[PDB]
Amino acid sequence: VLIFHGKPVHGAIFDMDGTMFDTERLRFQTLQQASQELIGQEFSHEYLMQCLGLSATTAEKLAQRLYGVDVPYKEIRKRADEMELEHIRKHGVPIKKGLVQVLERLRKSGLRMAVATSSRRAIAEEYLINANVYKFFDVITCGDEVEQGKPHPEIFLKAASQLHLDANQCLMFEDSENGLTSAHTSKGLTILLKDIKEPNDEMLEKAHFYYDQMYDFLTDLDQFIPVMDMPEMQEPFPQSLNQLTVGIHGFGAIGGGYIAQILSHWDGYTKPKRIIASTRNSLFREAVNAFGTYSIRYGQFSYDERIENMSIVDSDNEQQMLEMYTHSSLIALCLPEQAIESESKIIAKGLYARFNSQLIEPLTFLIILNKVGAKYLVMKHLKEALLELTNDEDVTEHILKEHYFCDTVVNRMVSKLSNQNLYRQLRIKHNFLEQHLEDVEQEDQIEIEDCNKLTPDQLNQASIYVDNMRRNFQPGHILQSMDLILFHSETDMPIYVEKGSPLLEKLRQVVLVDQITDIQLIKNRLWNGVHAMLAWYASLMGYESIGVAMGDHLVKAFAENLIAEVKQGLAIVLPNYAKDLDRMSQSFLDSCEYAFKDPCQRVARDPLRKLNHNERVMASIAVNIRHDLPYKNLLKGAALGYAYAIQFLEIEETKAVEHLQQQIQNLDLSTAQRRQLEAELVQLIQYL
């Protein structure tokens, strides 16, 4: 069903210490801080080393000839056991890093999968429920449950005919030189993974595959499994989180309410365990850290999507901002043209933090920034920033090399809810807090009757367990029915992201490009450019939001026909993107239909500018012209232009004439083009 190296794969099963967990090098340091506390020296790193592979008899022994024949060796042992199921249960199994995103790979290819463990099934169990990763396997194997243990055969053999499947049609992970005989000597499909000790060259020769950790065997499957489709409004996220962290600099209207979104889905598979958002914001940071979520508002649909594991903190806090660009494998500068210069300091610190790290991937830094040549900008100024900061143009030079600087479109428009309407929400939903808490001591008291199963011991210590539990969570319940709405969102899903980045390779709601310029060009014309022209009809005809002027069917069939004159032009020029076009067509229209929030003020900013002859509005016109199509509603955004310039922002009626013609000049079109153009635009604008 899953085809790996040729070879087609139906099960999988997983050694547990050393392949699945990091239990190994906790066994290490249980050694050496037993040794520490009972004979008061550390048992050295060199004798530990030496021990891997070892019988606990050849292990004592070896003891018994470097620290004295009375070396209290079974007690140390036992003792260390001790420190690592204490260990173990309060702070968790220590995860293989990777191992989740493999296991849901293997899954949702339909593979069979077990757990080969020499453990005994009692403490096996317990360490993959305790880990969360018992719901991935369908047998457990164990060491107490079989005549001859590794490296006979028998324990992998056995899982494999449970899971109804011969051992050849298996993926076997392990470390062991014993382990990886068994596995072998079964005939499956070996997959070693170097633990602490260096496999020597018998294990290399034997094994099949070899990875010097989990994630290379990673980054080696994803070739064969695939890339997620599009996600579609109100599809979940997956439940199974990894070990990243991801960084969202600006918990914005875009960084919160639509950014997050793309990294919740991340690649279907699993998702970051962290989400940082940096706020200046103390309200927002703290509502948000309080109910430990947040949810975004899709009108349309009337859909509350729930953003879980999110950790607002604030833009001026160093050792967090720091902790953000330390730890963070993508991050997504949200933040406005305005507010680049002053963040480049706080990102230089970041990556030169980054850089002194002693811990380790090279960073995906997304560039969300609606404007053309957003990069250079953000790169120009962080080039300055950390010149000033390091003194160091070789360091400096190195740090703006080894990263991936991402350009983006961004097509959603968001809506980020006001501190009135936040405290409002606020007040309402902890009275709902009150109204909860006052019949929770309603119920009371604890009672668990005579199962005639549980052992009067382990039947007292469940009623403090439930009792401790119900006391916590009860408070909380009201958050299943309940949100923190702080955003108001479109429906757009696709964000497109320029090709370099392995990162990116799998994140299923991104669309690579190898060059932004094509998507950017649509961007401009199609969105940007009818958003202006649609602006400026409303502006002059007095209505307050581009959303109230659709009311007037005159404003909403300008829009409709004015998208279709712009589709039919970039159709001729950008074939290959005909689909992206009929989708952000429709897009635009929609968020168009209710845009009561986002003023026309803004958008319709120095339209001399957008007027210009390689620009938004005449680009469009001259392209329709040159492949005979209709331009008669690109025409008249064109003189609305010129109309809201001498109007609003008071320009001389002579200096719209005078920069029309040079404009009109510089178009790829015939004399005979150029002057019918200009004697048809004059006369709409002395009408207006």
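Only the largest set of C-alpha atoms that superpose within 1.5 Å between the two forms is called the rigid core. Residue numbers count along the first chain shown, from 1. What changes on going to the form deposited in another entry:
Once the two forms are fitted on their rigid core, between the two forms the CA displacement reaches 2 Å or more only for 544 among 318, 212, 544, 229. In the core-superposed comparison between the two forms, residue 572 has its Cα shifted by at least 2 Å. The Cα shift for residue 609 between the two forms, taken after rigid core superposition, is 2 angstroms or larger. Residue 252 is not among the residues whose C-alpha shifts by 2 Å or more between the two forms once the rigid core is aligned; its shift stays under 2 Å.
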Contents of the next structure:
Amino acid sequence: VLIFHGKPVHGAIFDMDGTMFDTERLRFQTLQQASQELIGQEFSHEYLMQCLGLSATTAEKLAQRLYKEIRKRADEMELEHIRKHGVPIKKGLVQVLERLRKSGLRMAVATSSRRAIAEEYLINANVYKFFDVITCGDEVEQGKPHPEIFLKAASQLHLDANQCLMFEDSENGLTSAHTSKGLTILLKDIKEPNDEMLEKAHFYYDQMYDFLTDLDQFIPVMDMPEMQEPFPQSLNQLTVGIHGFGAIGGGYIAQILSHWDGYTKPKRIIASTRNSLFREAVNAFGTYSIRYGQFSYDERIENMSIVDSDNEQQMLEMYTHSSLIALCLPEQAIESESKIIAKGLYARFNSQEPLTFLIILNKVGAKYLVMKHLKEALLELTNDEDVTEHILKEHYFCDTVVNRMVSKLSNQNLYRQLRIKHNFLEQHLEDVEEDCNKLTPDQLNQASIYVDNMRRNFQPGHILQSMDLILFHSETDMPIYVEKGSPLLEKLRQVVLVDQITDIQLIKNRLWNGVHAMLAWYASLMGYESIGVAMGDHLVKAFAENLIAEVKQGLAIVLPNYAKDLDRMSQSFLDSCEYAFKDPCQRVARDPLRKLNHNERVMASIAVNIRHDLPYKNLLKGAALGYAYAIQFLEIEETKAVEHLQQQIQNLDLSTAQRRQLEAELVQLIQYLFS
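Please move on to the form deposited in another entry, as the form deposited in one PDB entry is already shown.
Next up is only this chain, free of partner chains and other molecules.
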């Protein structure tokens, strides 16, 4: 029992032609072209405008005052257009229908078109499942604008008309809906609403999507998804983007966008990568799976279009058509990719709803860096300060905090997977090598041809029922934390809106990412290649716990308001580390020098503890292990490591006495590790 603007709704009856689908425009074209062939000259435009929401029987009566053979030819032309291009579905239909269905409303269709035509489009559009009963032009005795068709629809749902919502495009159908004494809703299609029409209608909207927005405030927002909870079955017409198909982009964001609002799912998810093996593998399979090792669960992500990042046309296609885009690149990529972001947003402006831009980046002040490089890139191309400041203030640029640890598969391990699975496909192909069922011989013979070439195309792909494409190892952490602003994010299930995200990003940097990097450097040098296995060692676990203690003690002084929550945050981190067996130390230890910057997850904590006279013994060891890892494993040269060490210690907000002691204590500890 839905309450739409303080009115109790039990059902929802829809018109098909012009309200659900844009087939009313096509009938205009076909009836004109059909009239030309039969009776030489086209029909009057006023005749067609008066034959909106009228049955072929009712429309025939008007024609005689000025048809069956013309309409038959026009219907044949109309069908052929639908058989090629598909049913032109009004944007927001599938999104509306699902919300009304899950609200528990008894839904139906009341269309002037006959059952043979009505069911053909409803099945093609794939919206026939949403309706309990349908009323056609054949079923009704007295057609529109008589309310019989809408009364019969309400009666078959076992409800009264006044309890049911009624959608319509035409003036005749609106009268048919209004005279029935139901909650009429008018949607503009191919006629400017009259004073007569706008008075009858209880509610009016310019598009179907305008009603969806109004309805959505009465529809409940769904809660955080559970791990193995299915995605929505029904697809909307919205596209979404993933600027960087890597660990977090493919192994987390793709799940968030796949869950969406829980009513509908994006039609297409466009993901960008220069890794050709990953690109060609996904596009070949048609899907890829995220592996959750904890529960040995493979999560199949579908409707994925993997494109080249260098390919300009495909990247512009993302930024023009996508409702929401997620930037999933590291610091190094921000400067170069900002030019492709700028070119995409300028193409969106040149084209005819505001974009929601998620920034996934492990850095304090991540948005400042992205927005700085974007403005510089835009100004260089646009050469106009008026168009740039508009674009920057038009779209929602959102800071995020992602706690989920995700690992990308190596190209050797992806090749190993493809090699093993290709052998099964080859063997499957070697294994691969109607009577009379109350149908006509013509239908039976036609059915045989359909099933034969359907088997021919599908049968090789039967192996995909069991066979998955594993590209990502991810932990089971669901909720993503994002800034307030974007109205879209309010309705997304997996998104949790926060206020002071800067404070959370700081704790995330120092307490999580910092301890993660330092214990990974300690684990790497001890010979461990797995974070999960490394945390099994008493020394590695003790080191991480000692670091956590030193970091939290400093964060408590800088953020006393967050001091209360530090224990559960530090514990939540260790829990995620303890059994991270598939997460390699390599990817956690990557870019040591970047992480050893003066305002980053290591040196920033050391500085805080020095100022407030707090113990930083273990923090200093982690820094030494950072430079030790860089010189030994990555081979950067010692002279570079010192030039970095000396420069960052110079930038630290400390006294000259504290600067030289830190440099002396650190450089001595680095030499101690080597000899």
